[PDB]
Amino acid sequence: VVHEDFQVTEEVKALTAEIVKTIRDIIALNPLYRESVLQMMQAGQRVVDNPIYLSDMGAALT
Amino acid sequence: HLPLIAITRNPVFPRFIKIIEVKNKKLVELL
Amino acid sequence: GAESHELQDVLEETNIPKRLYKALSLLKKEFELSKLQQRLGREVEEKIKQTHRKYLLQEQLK
Numbered sequence: 278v279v280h281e282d283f284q285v286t287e288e289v290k291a292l293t294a295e296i297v298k299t300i301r302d303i304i305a306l307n308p309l310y311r312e313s314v315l316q317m318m319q320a321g322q323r324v325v326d327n328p329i330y331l332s333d334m335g336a337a338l339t
Numbered sequence: 123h124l125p126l127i128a129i130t131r132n133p134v135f136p137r138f139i140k141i142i143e144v145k146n147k148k149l150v151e152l153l
Numbered sequence: 340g341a342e343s344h345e346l347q348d349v350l351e352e353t354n355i356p357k358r359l360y361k362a363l364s365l366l367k368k369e370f371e372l373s374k375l376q377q378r379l380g381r382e383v384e385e386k387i388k389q390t391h392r393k394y395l396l397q398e399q400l401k
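Chains as they are written, first to last, in PDB author numbering: chain W, 278 to 339; chain Y, 123 to 153; chain V, 340 to 401.
Derived by calculation from the structure, the hints in this document are not laboratory data.
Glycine is no exception: its CB is placed at the ideal position from the N, C-alpha and C atoms.
One or more of the hints may lead you astray.
[Stated by the list, open to error] The calculated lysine to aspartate or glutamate pairs, modelled on EDC-like cross-linking and capped at a C-alpha distance of 16 angstroms, are: (1) V:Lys367 to W:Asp282; (2) V:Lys368 to V:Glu345; (3) W:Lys290 to V:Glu398; (4) V:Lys367 to V:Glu342; (5) V:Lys374 to W:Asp282; (6) V:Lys368 to W:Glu288; (7) W:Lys290 to V:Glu369; (8) V:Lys374 to W:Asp333; (9) V:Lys368 to W:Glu287; (10) W:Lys290 to V:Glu342.
[Stated by the list, open to error] Pairwise CB distance ranges (calculated): (11) W:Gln322 to V:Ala341: 38 to 46 angstroms; (12) Y:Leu153 to W:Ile329: 33 to 41 angstroms; (13) W:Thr299 to V:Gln397: 22 to 30 angstroms; (14) V:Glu385 to W:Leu315: 28 to 36 angstroms; (15) W:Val314 to V:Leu366: 31 to 39 angstroms; (16) V:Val349 to Y:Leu149: 27 to 35 angstroms; (17) Y:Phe135 to V:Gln397: 42 to 50 angstroms; (18) W:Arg311 to V:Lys388: 30 to 38 angstroms; (19) W:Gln319 to Y:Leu149: 13 to 21 angstroms; (20) Y:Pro125 to W:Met334: 34 to 42 angstroms.
[Claimed, not checked] Just some of the chain W residues that point at chain Y, by a computed CB distance under 7 angstroms: (21) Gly321; (22) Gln322; (23) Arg323.
With the sequences and hints as input, model every part of the structure.
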């Protein structure tokens, strides 16, 4: 399970932000699943200890 | 003289309306 | 979209010009990061679009 990441964990999450925004837009314009999962899992809550899993879930929604 | 509010990752920018939601019920008694 | 640490650093500054300059620098850095992400996304998006439009025609045929 390769999870190489840069030591600068400051600007990387910026892309994450974009991703989540995109995801939000999609679910707003193309409602596929409930938004309750979005409320439970929020990037601002610091509970996403595995951002790779969040990205994989987002790509799954596609 | 009140206990520090559990921010729980709820930033409050100056002069910005924000909503705080902490799962802990202990803050309910204080409120 | 600056991190809470950046906001605290701005609040640390006392002189009005100093805090204003720090805020402007943070704005510039956030704009640079957002522009980098947007350009990079656009490049990836065109790379998708590099797929010959026959993919759109196939999608319409289906």
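(request) Give me the numbers of the hints this structure contradicts, sorted from smallest to largest. (result) When the structure is compared with the hints, numbers 1, 3, 5, 8 and 11 turn out to be violated.
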